[PDB]
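Before any questions on how it binds or moves, here is one chain, the form solved without this ligand, in structure tokens.
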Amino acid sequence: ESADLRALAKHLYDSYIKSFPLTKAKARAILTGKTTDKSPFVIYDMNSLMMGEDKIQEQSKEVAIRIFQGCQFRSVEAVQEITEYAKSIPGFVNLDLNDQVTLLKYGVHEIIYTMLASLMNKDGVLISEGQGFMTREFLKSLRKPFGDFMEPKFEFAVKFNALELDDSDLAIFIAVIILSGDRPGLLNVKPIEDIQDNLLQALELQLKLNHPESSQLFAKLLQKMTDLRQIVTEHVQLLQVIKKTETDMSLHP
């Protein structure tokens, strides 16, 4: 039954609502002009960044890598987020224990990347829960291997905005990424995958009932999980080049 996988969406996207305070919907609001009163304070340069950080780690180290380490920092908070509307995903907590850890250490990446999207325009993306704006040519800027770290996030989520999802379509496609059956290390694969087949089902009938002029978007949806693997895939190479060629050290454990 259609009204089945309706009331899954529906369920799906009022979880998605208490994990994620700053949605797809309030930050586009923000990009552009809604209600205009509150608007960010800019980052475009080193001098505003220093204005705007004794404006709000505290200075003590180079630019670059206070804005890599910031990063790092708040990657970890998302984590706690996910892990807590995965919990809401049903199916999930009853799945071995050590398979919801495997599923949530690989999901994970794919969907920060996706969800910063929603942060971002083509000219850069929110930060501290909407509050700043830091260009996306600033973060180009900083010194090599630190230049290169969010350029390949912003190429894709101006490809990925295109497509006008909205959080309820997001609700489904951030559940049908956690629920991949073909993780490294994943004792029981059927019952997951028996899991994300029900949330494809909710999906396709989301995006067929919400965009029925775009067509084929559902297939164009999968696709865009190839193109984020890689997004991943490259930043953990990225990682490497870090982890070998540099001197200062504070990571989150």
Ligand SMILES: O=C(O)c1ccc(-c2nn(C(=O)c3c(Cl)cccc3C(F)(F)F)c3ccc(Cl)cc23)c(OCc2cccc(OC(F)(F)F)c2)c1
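Numbering follows the first chain given and starts at 1. Take the two forms, superpose them, and find the largest set of C-alpha atoms that agree within 1.5 Å; that set is the rigid core. Compared with the form solved in complex with this ligand:
- Fit the rigid core and compare the CA positions between these two forms: of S39, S215, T35, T226, just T35 moves by 2 angstroms or more.
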The other form holds:
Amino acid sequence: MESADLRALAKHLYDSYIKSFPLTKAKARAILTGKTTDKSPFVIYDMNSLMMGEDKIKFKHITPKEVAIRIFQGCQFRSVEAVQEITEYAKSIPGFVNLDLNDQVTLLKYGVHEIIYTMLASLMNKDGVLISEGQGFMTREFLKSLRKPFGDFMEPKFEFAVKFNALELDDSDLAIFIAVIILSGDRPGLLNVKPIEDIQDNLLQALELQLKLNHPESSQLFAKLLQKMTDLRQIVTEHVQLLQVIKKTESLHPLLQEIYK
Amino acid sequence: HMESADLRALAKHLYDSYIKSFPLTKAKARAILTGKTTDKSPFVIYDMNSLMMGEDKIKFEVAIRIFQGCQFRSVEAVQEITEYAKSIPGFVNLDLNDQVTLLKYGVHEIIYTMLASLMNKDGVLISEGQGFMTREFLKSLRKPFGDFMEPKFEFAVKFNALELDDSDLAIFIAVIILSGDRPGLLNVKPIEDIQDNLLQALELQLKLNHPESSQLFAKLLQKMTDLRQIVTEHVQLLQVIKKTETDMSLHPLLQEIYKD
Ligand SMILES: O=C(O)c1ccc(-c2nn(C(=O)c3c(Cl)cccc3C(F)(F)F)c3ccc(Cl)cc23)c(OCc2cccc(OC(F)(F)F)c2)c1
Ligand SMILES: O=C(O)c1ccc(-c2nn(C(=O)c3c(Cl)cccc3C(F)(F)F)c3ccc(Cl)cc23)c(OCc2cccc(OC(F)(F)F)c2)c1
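Form solved without this ligand already given; the form solved in complex with this ligand follows:
Now the full complex is given, and it begins with the chain already shown.
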């Protein structure tokens, strides 16, 4: 591909990424660092501040239980929203809607988890995570200190995010990276791998040029970012095993179960 | 960042060490596998009696005996990879604990990678290439052993579709060893500095040697994902086997690597 076509693809994905997702990394960083002019987020650091944050912020999430469960269900509620946002974004990826419909379903099914982890890092620092489009901030130490298996379920997300954020990618970088994850030709059950790798080869070309122009000083950043797809594959399988352990230990309305299946 | 003439110098140096360290290259393995030759023809083991005939012909209970044949070559491979790693510029200058840590977690991923060179879809070379044992025979071993053999073939068929030669693999293997993300490393930065140079060398090598193969660099790094997951499955499968087979000891080299 000619470089001007790669740049056009990079911008097409950036513009769609801005429309699809509620809180960009650029805004998230201004909040976390405290450089923004907007109001300080509500901070949840323990039981009583969580209670006020629900009565203050309008948590649609569960808020119909026990605190560790309620938080867990808040992460699931937001993840369900993120899947729809990613599904919408994927449609803007040139070539995606022309794929066999079953393959589109399969690529989203196996990709959304890796993309959620990746984009969750945009909302985290070493001390906590933004919530509710940035109106709130809940501390890492509070999440890490939840009882039984919940504390150990939260912390791996921060340990990854802290590592991923040291690459210092911005939104224009992430927009292409996310597209590369979706167009993975090795997902189980794909019917027609060739046009998926064909598209990914083009996204990879655009990612490489984007990182060289946007980060001329960061050597082999392309490779370092692809190496992070190893971090992603491993933590997602670990994650699946942690949910399976939770289910066998911790009922919900059958309709709710369907929603979260 | 490096000048390209220095990157090519590193590519030749690593290919040269790889030829010196590893007994059976992919180029030789492919010549044996494709045949057309009379001198290099292997004896083929496809069942019990041909295996029994195999001792008197080549140098090679059956589920265990074959397993011990795989572990013997694995231990030799750890020795070969250790020798190779010492040739990687900068490696012997790292903190001694980090040298051990990089080998500890790197050898398995490299064994799988290089085992693919000895395989096609129908079986694997053995006894320095004098033999060939069929995939379906290995898959048909009893107990848990059959299902322990087959995943190695499932990876190899996919990896081999990249059509790397030895000069590519020499650099790829070096990149794997110098991973700064291994658990417990003391000084990550000097390791990442070496990997950046190797990555630069791999990228330029793949562009010159495989100019028609678009984004092969990226596709090869993506295979380092398959390797991380398949090594974990291997370890977990070995541990389950151990808890059943008391007539199985492991070489101290392998035994230490699996400890933690
Ligand atoms: O915006 C966003 O983009 C977003 C995206 C993701 C999360 C989030 N998901 N999550 C999961 O377990 C998870 C993941 Cl990674 C992938 C797939 C499926 C799942 C799940 F299905 F199993 F969940 C987390 C675990 C811990 C934390 Cl720290 C965050 C996450 C996210 O979390 C916002 C958040 C943080 C803390 C309290 C909270 O709920 C509250 F409002 F406080 F009650 C909400 C945001
Ligand atoms: O040369 C070589 O480079 C070489 C390298 C690797 C193997 C080989 N190892 N292996 C393992 O299980 C394994 C691995 Cl990956 C990593 C670490 C530890 C282990 C182990 F500790 F747990 F083993 C395999 C499983 C199945 C097969 Cl197909 C091959 C392997 C290799 O296998 C040669 C071989 C194949 C079949 C019969 C046989 O024995 C016989 F000659 F028939 F007697 C020898 C060669």
